[PDB]
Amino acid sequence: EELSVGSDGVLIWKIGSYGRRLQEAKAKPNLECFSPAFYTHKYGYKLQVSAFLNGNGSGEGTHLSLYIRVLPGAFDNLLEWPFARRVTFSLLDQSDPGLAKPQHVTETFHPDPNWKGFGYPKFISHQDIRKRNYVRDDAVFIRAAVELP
């Protein structure tokens, strides 16, 4: 049933219990949270997003770090390699879009033809993550959008 996660493909990953998990990551460095595996598209690349709530590399103790990696997929033999699709990360601001226009935290990159962990050691600092509604009901939304040709 985890092959049953094919998308647009946009993944929205909800990390609930933010406070507790952040705490566990401070006490335990390189503690990595994982998104579900997802398909960029039906019969396409299998990807997975990972986060460091208390940072990784240049970001440890001060930032959230965000990465994406390729998983072995059933349909890998049918696909173009290396993986070359545009990837966009967003930490969502959870405000009512009819009430206030949300200011999402966002970056986009073209895949580097060497690995496919790829991403941002400093995606957002702990100080910024406490603004607006990035944390709401003790959860955060990470969005990963992969552009289909």
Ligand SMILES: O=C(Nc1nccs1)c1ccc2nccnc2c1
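Shifts are known only where both forms have a C-alpha. Positions refer to the first chain, counted from 1. Between two forms, the rigid core is the largest collection of C-alphas that superpose within 1.5 Å. What changes on going to the form solved in complex with this ligand:
- In this core-based overlay, residues 1 to 6, 114 to 116 form runs of three or more whose Cα positions differ by 2 Å or more between the two forms.
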The other form holds:
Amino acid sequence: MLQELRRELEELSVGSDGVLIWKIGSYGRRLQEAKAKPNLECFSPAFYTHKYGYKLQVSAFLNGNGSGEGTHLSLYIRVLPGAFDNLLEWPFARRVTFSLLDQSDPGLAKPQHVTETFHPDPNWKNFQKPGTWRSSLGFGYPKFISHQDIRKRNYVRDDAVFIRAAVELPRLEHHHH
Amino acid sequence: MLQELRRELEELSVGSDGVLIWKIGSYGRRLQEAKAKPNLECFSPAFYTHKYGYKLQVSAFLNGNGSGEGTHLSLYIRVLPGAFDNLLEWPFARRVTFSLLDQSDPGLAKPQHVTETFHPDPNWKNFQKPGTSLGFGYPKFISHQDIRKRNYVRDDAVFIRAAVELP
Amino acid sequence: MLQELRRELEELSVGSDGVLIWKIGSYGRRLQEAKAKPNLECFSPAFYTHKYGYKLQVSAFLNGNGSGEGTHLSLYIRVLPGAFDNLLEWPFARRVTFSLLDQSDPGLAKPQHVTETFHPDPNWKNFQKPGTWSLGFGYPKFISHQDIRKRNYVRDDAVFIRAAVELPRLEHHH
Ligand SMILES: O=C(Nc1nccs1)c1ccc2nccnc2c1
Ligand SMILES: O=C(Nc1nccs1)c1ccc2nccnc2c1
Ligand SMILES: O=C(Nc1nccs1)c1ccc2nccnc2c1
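Cool, the form deposited without this ligand is there; where's the form solved in complex with this ligand?
Whole complex next, starting from this chain.
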């Protein structure tokens, strides 16, 4: 079926340091479609923070929404219902970094990524345990990058863009006892 | 093929990590099924100890078998024929830890897992090289009364953890 | 579709430190198939050096090609076009190690793998950026037909080809 294809798309990546790299291809056609249909939303494959961890999903508005409608690219992340939610602490409080990657060869010039970092609001409600609020609203930036800034370097290359969503590892001390 | 590909897909979800977390949902329906059919066996997805390592499988009796039939949940592990068996040392002698997990929020109370650990017996026929079942485990892993004593059954679901030691 | 089992074979292997273990079964049937069709090439599943890294593929001539046709097994590796090529440095310059494994129990006797190692030449054509420029790189005489039978290289009518790519470790400030 098509859920089988979605499953295989999800397995990149398995609980890998919270790092998802989402390639949005045919950039011009998707941008035209978004300009023709306001509030057109693209969805990344669902990805887990760690093995048996939080299930997250990144979404993008190529023509922007909210304060960025028509002028910017908008980036959001949302917690999804996961099979292991009962084994994780809530609310979700792991630091997240969005990045629009500069597709430049690292050997000829240092890339300048458009990077932003945020800490989940304990009161954002969506970062609370799934199934508590029967919003459904991702958290992020409506003005992540402007339409003019996205053409200023190698952000769009071969009609494709790269969005890197990295979730921070908590790191703790023992315990021991 | 589609059903068998679903199978292979849920096999990939595990690793290679050596840590398997097996979620058994609709606990009540399956417990009644096991009570209606003695020795009814549930099977975990096959999972590898490491990349290109031993292929293992966990099996469970929700109504118990052997000394625990009708009173306990029984947990066993068995070695399966793996594609890389000719590249591994035998007999399988890596420490194994079974856990029935307490589905409690770690931020509100520290969970109390029901854990058991064993080292593979060199003379247990199943831990020998396949072809050159015979599962090993505990018939009295947890009693029917103790499995209701905390958050072991939550939202009609149970979690069986099987952790294999690193080389 | 059937193309999905192919991708399930792929990512059952890729993410690891550039280490692909390719199991070629029914060795005898495929060997006489290659003997019946010169230059018959077997292909490993595509595998990535790291997550979002280079996409590589190993290929084999069971009856050999080039200087080893009819006498040896020939082993090659090739860079394939990957979705993240624009985020990687070129040319590919990660050291590669081929190994034919001696399928012997490591606890009763030490295996003797047939191992060869190379560092990719920066002026090699295939190691340049895919599309922005098929000649794989490798060994035509990796192992002879007689040497592949001398130990447990062929066991239970199966062979194991290990291709390991070395990872770097560059770093900066605090
Ligand atoms: O209002 C939003 N976000 C924030 N407000 C404050 C901080 S982040 C917002 C708007 C539209 C969305 N469409 C899809 C997914 N998530 C969305 C989130
Ligand atoms: O007798 C068993 N185990 C032990 N005997 C002694 C120590 S552990 C036993 C019983 C039932 C099983 N059903 C399925 C798979 N494996 C099983 C193993
Ligand atoms: O000429 C080759 N390799 C080298 N030449 C010099 C050093 S390694 C060669 C020959 C045949 C091939 N057939 C398929 C894939 N790759 C191949 C590579």
